[PDB]
Amino acid sequence: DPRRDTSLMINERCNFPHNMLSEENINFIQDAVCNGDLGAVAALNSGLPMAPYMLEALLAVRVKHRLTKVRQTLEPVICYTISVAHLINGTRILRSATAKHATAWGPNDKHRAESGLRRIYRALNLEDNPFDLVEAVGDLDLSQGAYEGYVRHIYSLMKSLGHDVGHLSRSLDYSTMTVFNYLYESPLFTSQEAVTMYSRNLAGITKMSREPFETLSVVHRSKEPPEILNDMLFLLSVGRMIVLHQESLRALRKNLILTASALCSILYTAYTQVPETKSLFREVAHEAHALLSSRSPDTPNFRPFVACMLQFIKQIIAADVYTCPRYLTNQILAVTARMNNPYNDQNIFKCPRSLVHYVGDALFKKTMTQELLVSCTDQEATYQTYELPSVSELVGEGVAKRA
Amino acid sequence: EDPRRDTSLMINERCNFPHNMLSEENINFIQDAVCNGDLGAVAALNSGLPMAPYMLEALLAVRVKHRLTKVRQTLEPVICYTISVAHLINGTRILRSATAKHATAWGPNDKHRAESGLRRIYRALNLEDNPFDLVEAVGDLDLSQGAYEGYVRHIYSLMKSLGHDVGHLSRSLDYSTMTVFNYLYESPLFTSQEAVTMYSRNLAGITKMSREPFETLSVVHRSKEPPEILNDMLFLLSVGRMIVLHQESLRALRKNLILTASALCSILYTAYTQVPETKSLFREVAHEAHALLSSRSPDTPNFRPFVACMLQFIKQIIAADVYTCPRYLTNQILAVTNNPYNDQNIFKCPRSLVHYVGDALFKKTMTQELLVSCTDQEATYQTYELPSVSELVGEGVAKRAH
Numbered sequence: 008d009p010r011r012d013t014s015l016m017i018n019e020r021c022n023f024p025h026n027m028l029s030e031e032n033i034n035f036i037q038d039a040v041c042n043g044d045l046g047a048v049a050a051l052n053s054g055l056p057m058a059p060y061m062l063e064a065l066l067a068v069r070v071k072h073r074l075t076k077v078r079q080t081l082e083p084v085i086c087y088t089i090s091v092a093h094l095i096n097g098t099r100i101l102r103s104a105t106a107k108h109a110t111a112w113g114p115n116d117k118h119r120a121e122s123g124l125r126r127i128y129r130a131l132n133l134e135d136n137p138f139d140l141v142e143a144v145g146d147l148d149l150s151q152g153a154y155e156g157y158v159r160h161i162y163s164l165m166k167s168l169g170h171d172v173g174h175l176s177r178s179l180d181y182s183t184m185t186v187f188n189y190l191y192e193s194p195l196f197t198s199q200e201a202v203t204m205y206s207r208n209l210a211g212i213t214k215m216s217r218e219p220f221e222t223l224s225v226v227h228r229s230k231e232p233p234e235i236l237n238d239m240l241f242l243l244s245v246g247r248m249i250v251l252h253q254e255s256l257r258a259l260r261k262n263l264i265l266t267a268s269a270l271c272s273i274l275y276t277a278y279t280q281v282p283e284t285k286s287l288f289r290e291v292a293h294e295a296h297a298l299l300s301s302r303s304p305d306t307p308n309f310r311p312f313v314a315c316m317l318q319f320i321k322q323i324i325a326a327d328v329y330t331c332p333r334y335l336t337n338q339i340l341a342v343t344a345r376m377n378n379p380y381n382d383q384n385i386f387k388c389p390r391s392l393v394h395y396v397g398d399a400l401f402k403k404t405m406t407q408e409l410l411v412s413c414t415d416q417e418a419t420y421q422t423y424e425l426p427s428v429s430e431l432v433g434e435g436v437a438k439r440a
Numbered sequence: 007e008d009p010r011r012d013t014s015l016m017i018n019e020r021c022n023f024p025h026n027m028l029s030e031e032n033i034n035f036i037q038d039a040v041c042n043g044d045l046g047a048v049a050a051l052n053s054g055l056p057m058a059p060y061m062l063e064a065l066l067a068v069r070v071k072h073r074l075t076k077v078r079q080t081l082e083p084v085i086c087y088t089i090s091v092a093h094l095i096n097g098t099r100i101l102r103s104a105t106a107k108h109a110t111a112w113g114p115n116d117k118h119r120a121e122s123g124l125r126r127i128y129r130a131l132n133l134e135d136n137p138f139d140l141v142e143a144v145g146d147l148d149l150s151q152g153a154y155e156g157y158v159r160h161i162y163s164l165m166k167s168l169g170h171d172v173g174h175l176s177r178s179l180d181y182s183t184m185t186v187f188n189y190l191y192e193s194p195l196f197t198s199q200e201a202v203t204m205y206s207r208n209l210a211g212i213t214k215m216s217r218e219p220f221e222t223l224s225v226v227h228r229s230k231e232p233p234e235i236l237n238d239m240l241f242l243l244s245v246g247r248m249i250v251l252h253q254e255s256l257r258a259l260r261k262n263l264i265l266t267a268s269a270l271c272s273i274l275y276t277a278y279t280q281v282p283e284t285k286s287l288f289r290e291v292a293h294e295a296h297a298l299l300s301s302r303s304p305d306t307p308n309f310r311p312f313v314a315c316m317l318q319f320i321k322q323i324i325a326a327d328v329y330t331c332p333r334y335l336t337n338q339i340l341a342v343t377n378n379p380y381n382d383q384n385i386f387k388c389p390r391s392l393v394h395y396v397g398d399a400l401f402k403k404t405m406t407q408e409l410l411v412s413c414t415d416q417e418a419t420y421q422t423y424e425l426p427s428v429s430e431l432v433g434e435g436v437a438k439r440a441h
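Protein chains in written order, with PDB author numbering: chain A, 8 to 345, 376 to 440; chain B, 7 to 343, 377 to 441.
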């Protein structure tokens, strides 16, 4: 069973979701990425639940040396594309996990837990309603406060029954619980059986197993405290992971929408170097603006922006020029502050073959700015924003040069 | 075995950092932080291997080890800036040495040997030209790109007029080794592999700081014959062109580094806000970025203090055990307006609050261009200032007190 064991699954598409990319674009990305990095792409593509800042920190994907010239534009495009695959797949994970969590226990399984818990409260002379805890375990509308309360409640019952939670947990290795889920934080399960079974549930979440969650009270048909209390710790701790997963994916969606504006901006610099890509760059811009201004209550759909970015970057690759957005922007800035003109350099600028429809007022316009640290005190660093409207003239001048 | 002139990669005890740039603790911090598979590329880029600044930028693909994943998006730009400064310092030294080797490749007697062999060529061709002018020009750096291409073409036509089919000869030669140590050199068509071999050792010796003078065929074989002298002239001319381009590259690199210090300071500000007890170290980083951009002095910019400050700062960021993701953080701050400073993987609360958290927060206004509309002819961006993180950071401080 590859979907619940400790194995790393990778399908035919490098774990890209189906119906997000063309076969060609899937092949393009696989061929462009360093071979040593393909496993990390497949893992991040999988939707492995994680915070958005962990995704960003783990996204250290290199292109092959032969793509060095476009590395500063192609790597951001690919990293965005992976983040989109992560979001699409992770959304399927979240929905599937939510269903598994809500249906792990049917009426008869809730009754078995609640009966066993009645037995516990009685033996301990406790006034608590066993129905309450069994309902909470099924409840995703649960504060971080109540969660840790219920967990602490379960720990006491365990200790009161003579279970050395401490000793038992210090002898167990929980590392397996988070191999496929970076948002999950494991309670102190008190048996290796439990750890092993719940680790298979967590693996199955990420690897899209179709089986329901295994729980010990169901598997053994047992009302006994060891089975039902660990089971409740599992179900509560999955509910908390799910709440955090939902919030991570919302924050990832917002990041991708904002980053869409930033990527369009650095892809503009590359468009100015290869102005025959105008119609391709226009689509990159319209799809970025569509994401940022979308009104749909529907989720944002990043597939058209990604497709546009990749069809653009393939023509940039064909131009055989160095795309260095920061360098180019810094050179434009230096020149403007008045050979310096980067567009006079063949390694930078690829002159279009017909000029009427590509440069001059036919140049797609985006305002270029750069901010600079212009004063510093012991309390503030002042930045000044510089506008570089001069781009069209410099490009004009590099066209002229080639004549 | 002459390592300074063959095709071997020299790497000193400092990963090719120049001396008197970085403390020893900082050199060791960087060697230990970088993925081992990338140390070779760090040493090669540190060496100053002549290249255009855009080539340095495209090649700066340097990964930190996995144990530093949390700070990767701040530490890597810092390491990459530091390598680019090593590259400027060392390449500035290469340029000065290459300039001296080019200006002195031929002494008086060697100039006489070439002018004599050249007068023979001119006599046998019934040409009026002064052999002195061409020999003077191969030792002159004050040549337009125009006069250069013209002297090459003159040599090329002497070669055909002597029966030398320049095309047949040069097409089958291997010029690979000419550029292994110099990405600015643009080879002429040489006439023999013997020429290419010796000229490749000259170019190797430039980047690897051989103290030998250039080898030329006319000098080594004490020959006046046209192959020797005409191939030598092509070489001295073409290395003269590389030096001119190399000086232009270092000027452009110096200016990128000064402007980029302003971007690095903006990246590192996001991390200061996550770890506000770093205020006095961050303030130094910013003061040093400001000095670089605002210095009136004539003497060259000196990046060593900015680097040391960035490195001292990032060490404290590593210690705080938080994820530094400047674009994520800025997007989240832009989005509000969930608070990233409430997340303990993001924000490290200081112990003394009066000196760090509220109005004691060092201020840098965060500014962001945003795409707001587009047409078939444009993508409209407008610029927006972000609220102060003071209230957001403040909010994070409350949440960790109760």
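Since the hints were derived computationally from the structure, they do not count as laboratory data. Beta carbons: idealized from backbone N, C-alpha and C, even for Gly. Incorrect hints may appear among the rest.
To be verified - Cut-off 20 angstroms, straight-line C-alpha distance, at most; resulting in silico cross-link-like pairs (EDC-like, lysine to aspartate or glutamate):
no. : chain 1 : residue 1 : chain 2 : residue 2
1   : A       : 402       : B       : 415
2   : A       : 402       : A       : 430
3   : A       : 402       : B       : 139
4   : B       : 285       : A       : 417
Claimed, not checked - Between beta-carbon pairs, the in silico distance windows are:
no. : chain 1 : residue 1 : chain 2 : residue 2 : range
5   : B       : 419       : A       : 430       : 36 to 46 angstroms
6   : A       : 46        : B       : 381       : 26 to 36 angstroms
7   : A       : 152       : B       : 384       : 14 to 24 angstroms
8   : A       : 71        : B       : 38        : 22 to 32 angstroms
9   : A       : 17        : B       : 254       : 20 to 30 angstroms
10  : B       : 136       : A       : 421       : 49 to 59 angstroms
Verification of the supplied hints:
1. 402(A) <-> 415(B): holds (10 angstroms)
2. 402(A) <-> 430(A): holds (12 angstroms)
3. 402(A) <-> 139(B): Between residue 402(A) and residue 139(B) the Cα gap is close to 51 angstroms, so the pair fails against 20 angstroms, i.e. violated.
4. 285(B) <-> 417(A): Holds, because 11 angstroms separates the two Cα atoms, which is no more than 20 angstroms.
5. 419(B) <-> 430(A): 36 to 46 angstroms: Given range 36 to 46 angstroms: violated, Cβ gap about 20 angstroms.
6. 46(A) <-> 381(B): 26 to 36 angstroms: holds (34 angstroms)
7. 152(A) <-> 384(B): 14 to 24 angstroms: At roughly 20 angstroms between Cβ atoms, residue 384(B) and residue 152(A) fall inside 14 to 24 angstroms, so the hint holds.
8. 71(A) <-> 38(B): 22 to 32 angstroms: holds (27 angstroms)
9. 17(A) <-> 254(B): 20 to 30 angstroms: violated (48 angstroms)
10. 136(B) <-> 421(A): 49 to 59 angstroms: With Cβ atoms ~56 angstroms apart, the hint holds.
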